[PDB]
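Presented below, as structure tokens, is a lone chain in the form deposited without this ligand.
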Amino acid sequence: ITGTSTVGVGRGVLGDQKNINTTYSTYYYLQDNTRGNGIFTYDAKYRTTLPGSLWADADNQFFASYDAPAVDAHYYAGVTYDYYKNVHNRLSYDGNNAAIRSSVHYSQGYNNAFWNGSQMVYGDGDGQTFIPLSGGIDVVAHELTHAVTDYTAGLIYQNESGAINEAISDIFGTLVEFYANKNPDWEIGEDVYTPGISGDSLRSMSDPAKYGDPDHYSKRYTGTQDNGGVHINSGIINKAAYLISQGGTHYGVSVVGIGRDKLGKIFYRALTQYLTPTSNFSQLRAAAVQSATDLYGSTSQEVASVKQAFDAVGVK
């Protein structure tokens, strides 16, 4: 909508207070005009028709419990935009400042979030398995990164390509979490998963096997569930990325960490320059080695660490 840019205040899913960019025109709308062509947040009103209604508020104050998932979806989309712009010189997910749209309150008791090719969609969870999914910055950044992947490498959501697609989203989701410095860790979804249980999460990058995902290529899932294991076998790639950044010894193979910043740069380059829709794990290794080579030289520590990490998880 056309109107006056302003700033509202609200409370997120976890009860934290934050400022959000809104737009005033009779009502205050969740429309942020300060980033690209805008960030727009919609109310799906417990239905499955999308996008729903552009979120309208009478007084520019968002403290109702019904408001919380909208506040965080809007706010964390902003933070994710800033990350990609400031760190990777990328303007929105298409590189041309495309408007970012999110709907919250999707369906009833819906325990998921997703990018549907056009926008983000967040369920409220059932209150037991999940609380509203936009309360997790790593969740929001994970989803938005699917959009980036869609417009760049175009990794098919299936088998090894899909696993890479999933891992890329976990990696950048985590990097965004570190960027905003909000209780950062190498776990996925811990802020909104199982409010009854402390210390757990949906997936772990540092130790995928903690929740039954493979941390080695020999333990890959070869069946047909989950589109050929795209959320399962991502563990293999997630562990490799964890090792590149932090280092460690894994199945007897030692890896010197080179840190988060370089991890981001290497994988961003691989994603945007070298990966293709049908890339498999072995091609990912080659892309990553080549990207580090481009950035730091063929005899750098960086190239060496990327090699050791993939060696460690059994990807040749």
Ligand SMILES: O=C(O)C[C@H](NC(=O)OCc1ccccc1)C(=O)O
The other form holds:
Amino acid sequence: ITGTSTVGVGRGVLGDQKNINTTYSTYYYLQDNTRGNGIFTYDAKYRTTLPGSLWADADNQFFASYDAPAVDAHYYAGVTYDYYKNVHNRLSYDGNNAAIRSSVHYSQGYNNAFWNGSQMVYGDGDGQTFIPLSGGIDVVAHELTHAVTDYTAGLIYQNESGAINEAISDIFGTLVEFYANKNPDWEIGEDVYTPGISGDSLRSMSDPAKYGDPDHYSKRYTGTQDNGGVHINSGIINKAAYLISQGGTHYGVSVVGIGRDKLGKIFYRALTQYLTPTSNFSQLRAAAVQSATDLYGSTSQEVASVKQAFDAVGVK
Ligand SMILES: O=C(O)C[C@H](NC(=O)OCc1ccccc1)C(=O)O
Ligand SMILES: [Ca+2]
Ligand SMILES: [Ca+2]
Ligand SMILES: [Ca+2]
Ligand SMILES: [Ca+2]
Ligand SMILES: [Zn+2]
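Please give the other form, namely the form deposited with this ligand bound, since only the form deposited without this ligand has been shown so far.
After this comes the whole thing, all chains and molecules, with the earlier chain placed first.
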């Protein structure tokens, strides 16, 4: 809608207070005009029809518990936009400042979030497995990164290309979490997963096997569930990314870490320059080596570390 840009205040899913960019025109709308062509947050009203209605609020204060998932979806989309712009010189997910849209309160007891090809969508969770999924910045950034992947490499959501697609979302999900400095870690979904149980998460990048995912190519899933294991075999790539950044010794192979910033640079380049819709793990290795070579030279420590990490997880 057309109106006056302003700033409102609200409380997120975890009870934290934050300022959000809104737009005033009779009502205050969750429409952020300060970033690209805008960030728009919608109320799906417990239904499955999308996007629902542009979130309207009478007083520019968002402290109702019904408001919380909208606050976080709106706010964390903004942070994710800032990350891609400031760190990678990318304007929104298409590189041309496309409007970013999210719907919250999708369906009832819905334990999931997704990019549907056009927008992000967040369930409220069932209150047991999940609380509202937009409450996690690594969740929001994971989703938005699916959009980035779709407009760049276009990795098919199936088998090894799908696992790479998933890992890219987990990796940048995590990098965005570190960027915002919000209790950052190498775990996925910890803020919104199992509110009854402390210290756990949905997946782990530092140790994927902790939650049943492979941390070595020899342990990959070869069946047909989960589109050929796209949320399972991603563990292999996630572990490699963890090693490149943090370093460590894994199945007897030692890796010197080069840190988060370079990890991000190398994988962003691979994603945008070298990966294709049907890239497999071995092609990912080649893309990452080539990207590090482009950026730091073929005899750099960076190239060496990328090679050791993929050796460590058994990807040749
Ligand atoms: O597979 C899909 O299309 C949707 C799937 N969604 C999903 O797993 O929702 C929960 C969640 C997402 C990110 C981080 C932690 C938890 C995905 O985006 O991979
Ligand atoms: Ca209000
Ligand atoms: Ca965290
Ligand atoms: Ca996390
Ligand atoms: Ca938990
Ligand atoms: Zn995903």
